[PDB]
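Here's the letter readout for the chains.
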Amino acid sequence: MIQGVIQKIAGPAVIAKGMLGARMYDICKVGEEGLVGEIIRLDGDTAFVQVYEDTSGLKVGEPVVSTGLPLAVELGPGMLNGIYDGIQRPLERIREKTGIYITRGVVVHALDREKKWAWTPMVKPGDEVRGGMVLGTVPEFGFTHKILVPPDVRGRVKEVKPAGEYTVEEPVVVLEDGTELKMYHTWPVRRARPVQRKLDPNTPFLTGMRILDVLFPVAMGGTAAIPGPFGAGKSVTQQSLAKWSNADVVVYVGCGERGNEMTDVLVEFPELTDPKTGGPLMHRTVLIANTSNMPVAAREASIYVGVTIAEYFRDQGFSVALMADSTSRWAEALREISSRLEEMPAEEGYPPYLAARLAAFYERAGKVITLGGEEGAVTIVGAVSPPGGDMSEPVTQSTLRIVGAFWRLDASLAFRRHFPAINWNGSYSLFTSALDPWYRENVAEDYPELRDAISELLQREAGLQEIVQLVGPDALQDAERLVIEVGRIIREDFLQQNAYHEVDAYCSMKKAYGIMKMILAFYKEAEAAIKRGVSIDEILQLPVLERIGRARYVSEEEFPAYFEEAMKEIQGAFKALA
Amino acid sequence: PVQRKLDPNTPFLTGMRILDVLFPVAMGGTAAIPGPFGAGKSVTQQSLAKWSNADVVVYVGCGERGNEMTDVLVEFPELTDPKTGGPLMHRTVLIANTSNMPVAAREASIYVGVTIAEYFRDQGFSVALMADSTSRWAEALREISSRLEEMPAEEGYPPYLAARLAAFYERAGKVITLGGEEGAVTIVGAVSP
Amino acid sequence: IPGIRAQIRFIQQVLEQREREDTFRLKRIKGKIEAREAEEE
Amino acid sequence: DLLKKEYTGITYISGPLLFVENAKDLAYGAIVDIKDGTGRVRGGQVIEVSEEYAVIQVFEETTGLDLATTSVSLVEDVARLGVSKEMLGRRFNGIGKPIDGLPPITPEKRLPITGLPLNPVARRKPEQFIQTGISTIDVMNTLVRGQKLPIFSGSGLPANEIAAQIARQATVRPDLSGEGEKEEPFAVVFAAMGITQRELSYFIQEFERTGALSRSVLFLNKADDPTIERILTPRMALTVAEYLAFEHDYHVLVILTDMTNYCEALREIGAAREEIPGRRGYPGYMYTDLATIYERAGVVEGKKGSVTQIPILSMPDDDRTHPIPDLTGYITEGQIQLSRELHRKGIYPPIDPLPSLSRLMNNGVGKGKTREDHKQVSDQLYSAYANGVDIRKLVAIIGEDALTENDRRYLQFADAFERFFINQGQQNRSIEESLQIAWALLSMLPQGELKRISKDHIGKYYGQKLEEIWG
Amino acid sequence: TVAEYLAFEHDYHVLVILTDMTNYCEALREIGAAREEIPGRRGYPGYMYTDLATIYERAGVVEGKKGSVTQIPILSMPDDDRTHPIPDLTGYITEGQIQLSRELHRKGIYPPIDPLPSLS
Amino acid sequence: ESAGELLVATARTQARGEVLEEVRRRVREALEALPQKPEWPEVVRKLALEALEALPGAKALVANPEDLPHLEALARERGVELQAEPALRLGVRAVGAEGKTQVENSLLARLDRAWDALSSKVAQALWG
Amino acid sequence: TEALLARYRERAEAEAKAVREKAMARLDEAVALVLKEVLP
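If you read the protein sequences in the order shown, they are chains R, V, C, X, Y, E and A.
Position one of the first sequence corresponds to residue 1 (the UniProt record's numbering), numbered consecutively onward.
Position one of the second sequence corresponds to residue 194 (the UniProt record's numbering), numbered consecutively onward.
Position one of the third sequence corresponds to residue 169 (the UniProt record's numbering), numbered consecutively onward.
Position one of the fourth sequence corresponds to residue 2 (the UniProt record's numbering), numbered consecutively onward.
Position one of the fifth sequence corresponds to residue 240 (the UniProt record's numbering), numbered consecutively onward.
Position one of the sixth sequence corresponds to residue 61 (the UniProt record's numbering), numbered consecutively onward.
Position one of the seventh sequence corresponds to residue 81 (the UniProt record's numbering), numbered consecutively onward.
Treat the hints as calculated values from the structure; they're not laboratory data.
Be aware that one or more of the hints could be misleading.
To give an idea of the interface, some chain R residues facing chain X are shown, with a C-beta separation under 10 Å as derived from the structure [claimed, not checked]: (1) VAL60; (2) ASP85; (3) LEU91; (4) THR263; (5) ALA289; (6) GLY349; (7) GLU546.
Which bits of chain X does chain E cover? Going by a derived footprint, with three or more residues having C-beta under 8 Å, they are [what the hints assert, rightly or not]: (8) 2-9; (9) 77-90; (10) 210-219.
Just so you know, even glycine gets a beta-carbon here, dropped at the ideal spot from N, CA and C.
Construct all of the structure, not just a fragment, from the sequences and the given hints.
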């Protein structure tokens, strides 16, 4: 056990002395109070520690002890329905222990060592176990939590517990080599967990929003970014994705953000209902909250903890969705530490390894074949907060060159109170062509063509806007005023979505199909009618536009009849006038 | 020090219609007149020095042309004070630190001027202080901070320039002096962006 | 067109000035790390 | 304990810093007393300590110190403040000492002025709606009790009058939520940082008119006080506020009168130390630093008090992308942004509703609260006003005669909106008056164009005329 | 120095013509950047105003003497930009300006002095 | 309106201030006469002892000549030199090894360090 | 109009005397306690 003493203190940094033999990125206990830190630089006889807690009141000369092991999490039953801080400590226990504020130095366990779980074995003596295989299961909130062998364990089974209630400390299986396999294990948060093979992304990740699910979709293992200035409503979109997506498990990482958002999740998710299993919504969610006024050095800790928990649940054969609340805050934590490491920085003060860290983090996502020969996925959706709304700063650019889809929020739409406020001209997605067979087989045989026609119409209206700007919209010919008007309709009747409405919040995909289909039918008929001398003004007064603009408020079970009525009403809106 | 700061209730008349009507300044108030070159800032400052209704005028020429100081010195003995019968120069104090005199003395001149104005206020008069340019004082600050190897703020200026400016402008105002009488000081600072 | 060209050249001036300031700062801190690593040698 | 230790051996004084050697017995963050050859004692705080020497940031100015005679002695290991209920009629300077001539207070507790973060589990959702009597805030950017809501002002715009009007008129409306009937007034904690004499006299005369001084605590750091003291003013004010709220169940309202001066002090003390800068020289940790102040607000589960913040800050060149407003917007919940163009038209209060925002607005409006049509009226107003502004932009190119009829109706709506709904000028409007005016203004548009409001709310509110509300 | 000697020792009336201060300012910038000083608006040293002042302020007339020193600086505004640091700083020091116009040059006029933006 | 309330509250506050000030003056005068009491030598010895225990490695001791003889019998045990001085009263002040560190243990010093901590006790015990 | 000021002046002086006397009651114990505590 290497130990030394404090030599210098400044900010969240501590320089220890006499630490010869300590290893890079080991966890230490700083001071007599025992704060947690991590070695980030060795220099002769000294070590440079970044402390994960407040350092005010420390004194020169206190002990510093290295534990010899890098940061790690405890992976086992008992993580769902919970809330943790940046280094995996249960906040409910900290609350029932320290009151309404968070004091430093609390030591608590990640998993509760007293609750008893219903073990149910699935291996027999003499069997061969191999890293990643499943030993048994326990029930957890309507899931089936599989107990896995750690990735670095292999051997033969000597004894396996019969059944019944046990706590997570119980050696449910002991190998012929004498190792005891409890219900949980630890894993270093900086090492990606291994898999057998990576697969191709060919199933959509259904978010519930029309514009994202239709125009800019994401595959079940892809990555996405959503950067926007303050006031554009990033938190609303993130919480909507956490509410309505079709993931089995949601892991929500609030890195460096407002605390009221975490409280909103905590207070509201127990009252909502899980779309798939029908249970409460908090039973499929894991929060990792490290708010703005918490220690700075714990932000990257929270990011890594979140992604490791997501990879664990993926290893059990689930589809996980990871929501990183901001990576700009992580980058700023890095810059703050580098300020007193006295490094020579890159553009705008960020340390030079930042793009490498970002790539390493976004590359853990994907759809895999697990070590136990099963299928699971992790889908990352990270938010960016560019300083000054400037989309050219280093974090945003470093993110563009990695992600698969890119959802750009703009301020002009947010001022208009028109939400989701996704900039159509600046967003893209690289997953459409690979997802088209799924759409043809599961939505409708011509879904790709309707999507393409809507994209072409939006592009053509964008092209006309340039002339509309210099001559005014009344100077166009009727054939182009029609495109302007149908663009307005597409915008405010299909793209727009009400997050607080009881029925417009979640929108199935066949509903989006129907709406697109009837908008296109109307537009085609109106172009035909213009080819016959009908003026553009009475076309705008046709009262079937009310049906079209109201369609999105119809329930998912009431919709097919509505759409079948509306199609023939559209047809009659023009064939009957003759 | 003073006994009590009061609120200004009486206009400081400059003699120019646009300033006295549209954008008045009160007796103990503070004004700023920033103007690019060729906009006649010098004539306006001289007019403010020539026709104001203050009892005493303190003119601080912090890093500006010398012909302006000469204009004052030559013309003012001829002009008559409106309030009393005396010459205009009899109510004026000049501090002259022109553009080719030592740089580090511009700040000293600013502080000297405002201290003399505070003294005459303490005597019960109502003083007007015209700081002929504060960008020159800012440049002196920047030069000295450059000799000190300090890290600068946005445009090479030291990071404490706003504090010095605020502490200088905060010496103005209507007061009840320590002797019990009432005086005031009005500051009109020029800038040169 | 003249007004837009004016705005553009103004923005370009500001950006170049900021870049010059920060490279000055970088040079200073590099000189500093070298000095204070050599003095401890 | 009680014995005193003095450190001689000062080795360096420049600007706001002071290095002292052989001082390993000082804790990181301690408070010290610097005494010179005259006997005058001034304060400081240790910001870096090592086995060789410790670095001190002096609060006062460093005139008169010398390397031979000054001494440094410890005061306490953590910077604390003595709080009490009996400070509800007092004035202190920027570091907590009385300046009204009365004796100091007798502290019930001594609390660390840095505070501790609230537990996200211990928090509560803010829901109580506050009626400020201002329509552009009440109807379009509702303020709830326990919220962070800054005011993005300019140089010559009247943000102080808006803050004082809010303090004078703010009240909860318990008859609309049906819960409670105490309506106990707000206690006001007012922290001024680098304030001038004109604005200080304004605020004092205002509170003296309203009689709100007997329940207000005042922390004044004027513009001729030292600069580095501004580091302590907001922390002291919020320490007192959190004490009052979460011990004696007050409902506190905190007003922080200029965060720009706070950031100036921060940048100064951060450049003296050569931190890696942010965008315009502001230190790289300014985000965390401001977050430790703004996040000391909200409501706690299982307690009756609350804390509400109204920071005021002046965007330097009316620039929304400057670092200070940018970060503050990234922290707080929405903002109230003032407009210079509206101010030039004589409109008071010059709040333009498009770049404003209140994130917690949906927690405290609707049925069981103000009225069931509040939300839809609000966003319908937003849509119509945006349309009016775009049509102005078009008129600027193709002339007013070339317009259609509905375009002229939107132009007229924008104009009447600005001149009747925004411009109220010191009168106190209940929420019902505000919604009544909003509907009278909406009735100018054809009933078929209010596409964000339901059919029944239209049926039972449409059709009022503006001449009826007033002539 | 020659002009001052002549004027205030032999009662001469001297007219000094400095033909291009735009080159003077580039030389000054190049020399200053070799001493590692803090830059200015476009790379020009932070003290260009004081340096130009020590040159321009050497003209004038003295009391009790008959000589005089009149200066006519000449400089080319880069890109015809009036806000460039060179002409701008020269504007704050001198007592007016004479401006040459391009349209009068195109018309074939000579000398193409524009009388509307000029002043003494 | 509330102006009268402010008046009565100001009166109360300043009255409490007067009485607390009086108590403090009372103890300030009770202290400044102790070097005539028979417990003087032993309290001075323990004061110097805790002072020396606060500077590991002092080089001297400054005190008052009038109570200098009270202080010889306990410094020889550890070798810390002596020195007398008229200005230091009601206590003793050490000196650190470099000359750049001191520790004073005067009476009035401890009083000014503890009075703020004990003000709450005096209030709660002198009113309720 | 002024009867309020008169009533309040009376209340202020009354409470001032009340506090002073309630203090002079046990001041003799307060001072002894402080001297006990300040001493080593």
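* Establish whether the coverage given for the stretch 77-90 of chain X by chain E is satisfied; the threshold is a Cβ-Cβ distance below 8 Å, and no fewer than three residues must meet it. => Satisfied; 3 residues make the cut.
* To do: Grab the minimum C-beta distance from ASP85(R) to chain X and call the hint holds if it beats 10 Å, violated otherwise.
  => holds (9 Å)
* Given as covered by chain E, does the stretch 2-9 of chain X meet the bar of three residues or more with CB within less than 8 Å? -> holds (count 7)
* To do: Return the status of the interface hint for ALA289(R): holds when the least beta-carbon distance to chain X is below 10 Å, violated otherwise.
  => The hint holds - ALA289(R) has a Cβ within 10 Å of chain X, the shortest such distance being about 5 Å.
* Can the hint on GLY349(R) be confirmed by a CB-to-CB distance to chain X that is less than 10 Å? -> Result: holds, 5 Å to nearest chain X Cβ.
* To do: Mind checking the CB of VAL60(R) against every CB in chain X and telling me if the closest is under 10 Å?
  => Result: holds, 4 Å to nearest chain X Cβ.
* To do: Using 10 Å as the Cβ threshold, decide whether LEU91(R) counts as touching chain X.
  => holds (5 Å)
* Asked: Is the shortest C-beta separation between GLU546(R) and chain X less than 10 Å?
  -> holds (9 Å)
* **Evaluation of the interface hint that places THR263(R) against chain X, nearest CB under 10 Å** => holds (4 Å)
* **Within 8 Å of chain E's CB atoms, at least three CB atoms from the stretch 210-219 of chain X: coverage verdict** => Per the Cβ count (3), the hint holds.
Every hint from the earlier list agrees with this structure, and none is contradicted.
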